[PDB]
Amino acid sequence: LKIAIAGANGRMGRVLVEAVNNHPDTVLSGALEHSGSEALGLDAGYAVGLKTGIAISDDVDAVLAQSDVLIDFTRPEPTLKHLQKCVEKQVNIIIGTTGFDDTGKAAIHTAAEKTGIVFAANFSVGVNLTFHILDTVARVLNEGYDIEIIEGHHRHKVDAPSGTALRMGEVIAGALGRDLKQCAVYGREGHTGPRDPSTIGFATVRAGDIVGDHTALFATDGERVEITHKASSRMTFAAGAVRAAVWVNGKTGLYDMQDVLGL
Amino acid sequence: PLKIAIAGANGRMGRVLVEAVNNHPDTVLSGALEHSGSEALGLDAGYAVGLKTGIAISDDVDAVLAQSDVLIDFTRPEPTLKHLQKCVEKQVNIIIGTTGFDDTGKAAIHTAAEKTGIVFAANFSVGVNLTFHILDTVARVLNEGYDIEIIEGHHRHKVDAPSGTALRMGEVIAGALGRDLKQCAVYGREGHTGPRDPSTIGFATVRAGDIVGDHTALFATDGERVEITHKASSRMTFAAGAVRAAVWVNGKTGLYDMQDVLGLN
Amino acid sequence: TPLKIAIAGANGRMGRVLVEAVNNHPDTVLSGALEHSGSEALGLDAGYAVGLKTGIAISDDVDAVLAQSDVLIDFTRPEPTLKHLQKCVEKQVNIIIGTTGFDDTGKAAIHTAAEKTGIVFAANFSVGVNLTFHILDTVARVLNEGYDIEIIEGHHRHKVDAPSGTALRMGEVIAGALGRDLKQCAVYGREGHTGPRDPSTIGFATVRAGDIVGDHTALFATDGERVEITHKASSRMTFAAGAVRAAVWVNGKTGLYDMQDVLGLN
Amino acid sequence: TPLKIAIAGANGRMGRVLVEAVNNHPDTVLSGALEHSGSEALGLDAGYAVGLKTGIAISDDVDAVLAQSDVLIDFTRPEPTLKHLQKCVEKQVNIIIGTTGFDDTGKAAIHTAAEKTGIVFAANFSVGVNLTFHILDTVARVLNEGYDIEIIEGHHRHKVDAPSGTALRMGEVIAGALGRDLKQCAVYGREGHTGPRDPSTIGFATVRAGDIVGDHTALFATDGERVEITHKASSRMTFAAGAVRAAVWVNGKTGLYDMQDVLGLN
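Chains as they are written, first to last, in the entry's author numbering: chain A, 4 to 266; chain B, 3 to 267; chain C, 2 to 267; chain D, 2 to 267.
Don't take every hint at face value.
Subject to a maximum C-alpha distance of 27 Å in a straight line, what follows is the list of computed BS3-like cross-link-like pairs (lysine-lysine) [what the hints assert, rightly or not]: (1) C:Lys84 x C:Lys117; (2) A:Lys54 x D:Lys108; (3) B:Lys92 x B:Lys108; (4) A:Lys254 x A:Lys92; (5) C:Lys54 x B:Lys54; (6) C:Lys92 x C:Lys254.
Simulated from the structure, these hints should not be mistaken for laboratory data.
My request is simple: use the sequences and hints to build the entire structure.
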């Protein structure tokens, strides 16, 4: 199966090149980038230490006609432009880009009538499984358990808490009939007093080169239940994106990552 | 508010059950049994736990069960089977946390369950029973290319390795992946082991200090790790589950277990 | 031959664990069990609620009990402790002070009493927490360039202050070793666009949940590795066992000491 | 001002991280990049894959790297390193030797070469692992009565030997401090009725899974608490950062040293 990778020289895109090689039902077809990046006219797998056999291109027109699926983990605005050409050639698209416009969301809904799209904020199999299970854990442990979300990332991370940590909070709040904006706590200083049963606490660590560590804690008199996900590199997201690409065998419509996983 | 009797009220596990009944909003302590010739007969049930329950520690099974909706029993098989017959007689429900019944004893509980409501379970922790359920889901989703390890920690006095819990976790994961536990389990690694076989379910056991019971199921692949963890802080884990089972079964007939109590059917 | 130990506040939560700690230690025996007069527990055996037959009755007679004792262990309040301290000086008995919240006048009275008796006065009696403070000094000095420092901490829901006295003291040891000021460089939570982390920052992440006795971790992180120094308390026995060890240690000594002296880390 | 550092085997996995380590240190500068005789990447920029512009073409000519360099870092095999050492001694240059598993003749060759030049020869280059070994000595001596010792270790699925060289070395430091023999008191697994654990046992729990670089924890446990000392490796940068630090440290020394000397732990 022929897969194209957008932003092929960027940090995420190089891992996607390795992910296509690792997966058997897949082989590498395209490699797009920005018009003007030094990337152009080099082997896609040269960064990772393979012989890709394909040149990094800046031809959205040419490349999409050969490839069956496109994967995009780039900046949001070029993605809508990439989406438009992908509709035309009857080609599937996996959208990894997050932090997206409200009018932009409607463009993907409309584009889903023409071809198959898997739209998700996080592409890890483990993180998506964690979201599902937190729903079950929250419902069973719904009286007398204190909920905390502990999270660790590298020193360069700008936003706290992560999109993942907040999404974990939304699943737990939604299952317990709470509002996250009303009952979240992001830090503790001084006499925080007795903890309110309704609170969902967020403890955030920013240090070193941590890829992304997330734990959801449920605590009561007698026990603690912890659901933890730990990312070792960006390969976690790439492996899930390639799996989502395999999953769309000509399918049409919009899918969450929960659909590929069967949840 | 539901009236609860505690068997073995002066024992370590009975004292935690007195606190568990107090802590729960829907329950109140109505009786506290101990054997005849206990040094604690006549004393308030909460004497060593800072509570004035207003209930004297008794050996009168007849009088105490007449004032009670549910009996919670973590004692021994012979006294439990004796309590079970008086529970059938009075129409009291019974939470059986006692272990080591034979096949005759188990049959007696099955027969008694036609007349009254029973929750009979090997483990009463809410979190451990929930963990068993989730591992089934986690194993099926992560069934290709994830290495499975069960890490476990207990106090120095623990005789069996791995724990009943750790082995039961292994059985749920093996059963979901179509593997056989006897043939693919590994309990240690020493020397030149070689590369790990994908099919192996490894067990790492820690025996140290005063650890009540720490269990983790690890799923690892290239790129990530998923850990499902349970940590027990004291005996309150089992008491709080038993009190929840008492609330659940009130006014029912039949035999149930923790899977029924937590709605995981 | 055995060391004779008296326990103040013997019916309180801390006093009950100290009765077990004195029993557990091979070369100590319980000699007395004090409580205030009009306690509900006067007359009863010291071990009544912990399953022991110690053979000593819970008393309110400070004079009579200290006459039969080598050491007193006191985790009560400052006014009763200062009253006990005066009787300890009079009867030539050592004292282990686990009590907090003294005045400067109370603190001066402990210094003066230490000319005449042996005293171990410490904020924390855990062996492992006191050891942790010491090694963080070494770890901070070696890992002084390019390591981000975070202090992660977890306690039960009823705990009032964040971060704990322990967590802040960990921060003070690390800041002191790196020539930083904790008031200037601490961060207690993160929300929104925090930006990139400043190299000087000492971050504090605090968890409040369930019945956690006290979990503390000091994290040192850089490109390539992570070093974690962690202490986990399972119960109050951590403090009791250290206090009993301080009692054994100070026997036959005079002067003022702390846990650093008991553990040989000075 | 900055120190001139040369890198051997710059296209190999370890050398790529070393190029990034040389940049990331503020007062070190890349001077050269040596490679084996007749490599497939001569002529290309040294930081060609590691993402920065070194301005240096990859060479396989010993001469350029030996000259106009203050220090050489070598993580190759026994054969090339002894040949590099001969040229390094001749040109008055320091060397950081990161190769492991020397021959007995090769170890003697390093000893006499250290009479003319500065050498840092060490089995592990991680700052955190070497610091862990030091601290375990202190922790074991303080926690020598009534604490159960366990060593928990986790590595990737491809790791052949259990436990790791690091895990066993941790065990040797703890055993040596407690006057125990590791061969006599180690336990590597538990199955069946293990019974109530012997106080003298040092247990080893080994995890083999996924892509774990190397996680090591030393646990000390008693009634009431737990002390954990943990080291976690994120990548090969762990070793590279220590090698560059060793290079800075040997900035005008002559002789044989190891990481204990670099970190001031004597």
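Here is how each hint holds up against the structure:
1. C:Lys84 x C:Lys117: holds, 16 Å
2. A:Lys54 x D:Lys108: Cα-Cα ~40 Å, so violated.
3. B:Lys92 x B:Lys108: holds, 21 Å
4. A:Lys254 x A:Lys92: holds, 14 Å
5. C:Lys54 x B:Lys54: Holds. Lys54 of chain C to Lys54 of chain B sits at ~23 Å (cutoff 27 Å).
6. C:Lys92 x C:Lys254: holds, 15 Å
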